[PDB]
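Presented below, as structure tokens, is a lone chain in the form deposited in one PDB entry.
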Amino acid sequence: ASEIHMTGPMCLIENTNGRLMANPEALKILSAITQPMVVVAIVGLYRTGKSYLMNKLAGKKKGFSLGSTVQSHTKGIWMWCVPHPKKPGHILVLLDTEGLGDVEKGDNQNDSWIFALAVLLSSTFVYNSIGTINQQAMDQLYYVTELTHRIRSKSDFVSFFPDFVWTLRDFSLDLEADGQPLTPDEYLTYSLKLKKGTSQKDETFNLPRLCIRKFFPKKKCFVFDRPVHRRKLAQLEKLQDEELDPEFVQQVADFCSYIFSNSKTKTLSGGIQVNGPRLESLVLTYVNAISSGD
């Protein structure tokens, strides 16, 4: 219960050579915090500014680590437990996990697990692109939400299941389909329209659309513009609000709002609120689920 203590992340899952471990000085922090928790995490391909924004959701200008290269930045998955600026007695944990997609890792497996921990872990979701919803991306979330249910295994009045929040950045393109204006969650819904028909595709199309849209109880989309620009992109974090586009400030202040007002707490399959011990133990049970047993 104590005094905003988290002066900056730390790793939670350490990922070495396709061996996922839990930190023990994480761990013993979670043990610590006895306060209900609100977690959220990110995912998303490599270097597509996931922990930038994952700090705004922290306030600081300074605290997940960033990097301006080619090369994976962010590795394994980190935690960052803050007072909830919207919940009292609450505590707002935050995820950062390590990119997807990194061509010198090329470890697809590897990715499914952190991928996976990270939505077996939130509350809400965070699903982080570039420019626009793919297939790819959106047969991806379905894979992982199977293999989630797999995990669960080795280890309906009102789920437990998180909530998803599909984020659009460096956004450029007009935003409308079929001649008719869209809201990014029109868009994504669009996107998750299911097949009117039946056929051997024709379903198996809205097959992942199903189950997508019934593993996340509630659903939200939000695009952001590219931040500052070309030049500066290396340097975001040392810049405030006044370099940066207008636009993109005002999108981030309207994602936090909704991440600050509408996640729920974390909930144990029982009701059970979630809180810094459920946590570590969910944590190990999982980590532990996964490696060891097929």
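Numbering follows the first chain given and starts at 1. We call the rigid core whatever largest set of C-alpha positions still superposes within 1.5 Å between the two forms. Compared with the form deposited in another entry:
- Taking 2 Å as the criterion, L268 does not count as shifted between the two forms: its C-alpha moves by less than this amount when the rigid core is aligned.
- Taking the rigid core as fixed, one finds a CA shift for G99 of 2 Å or more between the two forms.
- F64: CA moves 2 Å or more between the two forms after rigid-core fitting.
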Contents of the next structure:
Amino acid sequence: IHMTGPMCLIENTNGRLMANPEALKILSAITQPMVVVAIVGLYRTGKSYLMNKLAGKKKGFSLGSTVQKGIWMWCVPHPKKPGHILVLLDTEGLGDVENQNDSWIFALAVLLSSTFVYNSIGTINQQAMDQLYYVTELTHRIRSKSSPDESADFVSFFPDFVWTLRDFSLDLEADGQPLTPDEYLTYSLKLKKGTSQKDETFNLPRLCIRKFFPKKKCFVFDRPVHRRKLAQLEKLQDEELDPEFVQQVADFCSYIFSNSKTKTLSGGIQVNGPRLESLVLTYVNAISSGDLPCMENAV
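Given the form deposited in one PDB entry above, produce the structure of the same protein in the form deposited in another entry.
The next block holds one chain only.
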């Protein structure tokens, strides 16, 4: 499975989402079952490191990928599942230079993925909650535009949720024992107690995550601390980064290689390369159509 590095699967150009033919021929060739893990988030938040580490790459921490966008893929063998492939998706360029296909790229990632990894800096903020809410419903509207006819049946389709918090080497709070990353999640996910229309327009995203993301793991990561940029524009190695950061991101990878399920369609048919090509074309066609059937909401 040659793939030395990542490759764009869906490119964002002129506000126009175009699926990659070169990427589709690759997917087609892979007959084995797939575990799709989408590392989504804002640009320049350290997503690439999770990708390289997940792809098994030893030297995978770049330092400034200076310029002078869409969904990139990386198909490697699954390091804990022989006969299974690991497809890695990355939402490139989200909010970089900034119709704004950010939500759509976000949605396709969640759609195509078997596991959903949201990557953000600092403490959990409303802005993240709102778009997480927005994508949940957006994915509902797109998936529904593919169903043979014009709700515990949509929750079964949704991927697992993983939140990776970055530069949040802070994460210091407790009751009597220090909070775990997981406990921090539920905490920052606690609903506001108030019969108001400000707390209402605050608890909706929380309520949405409560229903649509049943399995939820959280990861807090330390600030990556390393030797100075010895001649700029390079790619460091683990032995040159904060040992804690390396161990944290490894413990993350381990959770992925073990807990992440094989991508399945409706009826429970495992998804393989050619099956993912179909899903990429279907979903790109459902979006690029500018159609979208207006059915009832799902919140």
